[PDB]
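Chain by chain, the residues run as shown.
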Amino acid sequence: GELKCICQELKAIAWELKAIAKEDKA
Amino acid sequence: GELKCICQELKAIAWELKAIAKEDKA
Amino acid sequence: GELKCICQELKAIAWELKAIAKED
Amino acid sequence: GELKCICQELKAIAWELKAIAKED
Amino acid sequence: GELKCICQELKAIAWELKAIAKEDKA
Amino acid sequence: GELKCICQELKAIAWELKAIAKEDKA
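Residue numbers (PDB author numbering), protein chains in the order written: chain D, 1 to 26; chain C, 1 to 26; chain F, 1 to 24; chain E, 1 to 24; chain B, 1 to 26; chain A, 1 to 26.
Calculated directly from the structure, the hints in this document are not laboratory data.
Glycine is no exception: its CB is placed at the ideal position from the N, C-alpha and C atoms.
Some clues are possibly wrong.
Here are the simulated PhoX-like pairs of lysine-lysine, each with C-alpha atoms no more than 25 angstroms apart in a straight line [said to hold, decoys possible]:
no. : chain 1 : residue 1 : chain 2 : residue 2
1   : E       : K11       : D       : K25
2   : B       : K11       : D       : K18
3   : E       : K11       : A       : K4
4   : C       : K18       : B       : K4
5   : B       : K22       : F       : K11
6   : F       : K22       : C       : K11
7   : B       : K4        : F       : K11
8   : E       : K11       : B       : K11
Now the in silico label distances, taken between C-beta atoms and shown as ranges [as the list claims (entries may be wrong)]:
no. : chain 1 : residue 1 : chain 2 : residue 2 : range
9   : D       : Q8        : F       : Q8        : 19 to 25 angstroms
10  : A       : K4        : C       : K22       : 17 to 23 angstroms
11  : C       : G1        : B       : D24       : 21 to 27 angstroms
12  : F       : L3        : C       : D24       : 18 to 24 angstroms
13  : E       : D24       : D       : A26       : 27 to 33 angstroms
14  : E       : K4        : B       : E23       : 26 to 32 angstroms
15  : F       : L3        : D       : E23       : 22 to 28 angstroms
16  : F       : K11       : D       : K4        : 18 to 24 angstroms
17  : B       : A26       : C       : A26       : 35 to 41 angstroms
18  : C       : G1        : B       : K22       : 21 to 27 angstroms
19  : F       : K22       : A       : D24       : 17 to 23 angstroms
20  : B       : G1        : D       : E23       : 17 to 23 angstroms
The whole structure should be built from the sequences, with the hints applied where relevant.
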């Protein structure tokens with residue numbers, strides 16, 4: 001339900017921040 | 001209900017971070 | 001109650017992120 | 001309660017992002 | 001329990017953002 | 001279950017923000 005939805009969007013956020021982190025480093 | 005509001009806002013946040021992650025590149 | 005509180009602060013966060021993404 | 005705790009940390013998050021948005 | 005887990009991680013997120021905001025004066 | 005999934009993703013987000021905060025420190 002909505003809890004699975006919330007976990008899925010949090011995973012999305014984590015992966016966007018990893019992209020921001022690697023680029024920032026670069 | 002409120003759990004749906006929460007999921008929808010996390011989707012918005014994920015999308016804005018995608019924009020920030022892309023911007024820094026382009 | 002408390003769930004509505006959480007919803008409203010996530011709206012506030014999405015809104016600050018929108019300001020950040022625009023000015024960048 | 002843990003829910004109040006969660007809403008309070010989200011406000012603290014929105015606060016810092018407002019500082020990042022205003023600065024940038 | 002897991003709700004205490006979630007509050008603690010949000011505290012950790014708010015702390016890293018406070019660090020980013022403080023160094024952001026550049 | 002679902003709440004543990006949420007906590008785990010928040011840990012992942014906190015870790016990426018830590019990386020960002022430390023890069024920025026430089």
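Structure-based check of each hint:
{"no.": "1", "hint": "E:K11 with D:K25", "result": "violated, 28 angstroms"}
{"no.": "2", "hint": "B:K11 with D:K18", "result": "holds, 19 angstroms"}
{"no.": "3", "hint": "E:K11 with A:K4", "result": "holds, 22 angstroms"}
{"no.": "4", "hint": "C:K18 with B:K4", "result": "violated, 29 angstroms"}
{"no.": "5", "hint": "B:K22 with F:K11", "result": "holds, 23 angstroms"}
{"no.": "6", "hint": "F:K22 with C:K11", "result": "holds, 18 angstroms"}
{"no.": "7", "hint": "B:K4 with F:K11", "result": "holds, 22 angstroms"}
{"no.": "8", "hint": "E:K11 with B:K11", "result": "holds, 11 angstroms"}
{"no.": "9", "hint": "D:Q8 with F:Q8: 19 to 25 angstroms", "result": "holds, 22 angstroms"}
{"no.": "10", "hint": "A:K4 with C:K22: 17 to 23 angstroms", "result": "violated, 31 angstroms"}
{"no.": "11", "hint": "C:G1 with B:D24: 21 to 27 angstroms", "result": "violated, 36 angstroms"}
{"no.": "12", "hint": "F:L3 with C:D24: 18 to 24 angstroms", "result": "violated, 34 angstroms"}
{"no.": "13", "hint": "E:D24 with D:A26: 27 to 33 angstroms", "result": "violated, 19 angstroms"}
{"no.": "14", "hint": "E:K4 with B:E23: 26 to 32 angstroms", "result": "holds, 30 angstroms"}
{"no.": "15", "hint": "F:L3 with D:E23: 22 to 28 angstroms", "result": "violated, 35 angstroms"}
{"no.": "16", "hint": "F:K11 with D:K4: 18 to 24 angstroms", "result": "holds, 21 angstroms"}
{"no.": "17", "hint": "B:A26 with C:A26: 35 to 41 angstroms", "result": "violated, 22 angstroms"}
{"no.": "18", "hint": "C:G1 with B:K22: 21 to 27 angstroms", "result": "violated, 37 angstroms"}
{"no.": "19", "hint": "F:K22 with A:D24: 17 to 23 angstroms", "result": "holds, 20 angstroms"}
{"no.": "20", "hint": "B:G1 with D:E23: 17 to 23 angstroms", "result": "violated, 36 angstroms"}
In summary, the numbered hints that this structure violates are 1, 4, 10, 11, 12, 13, 15, 17, 18, 20.
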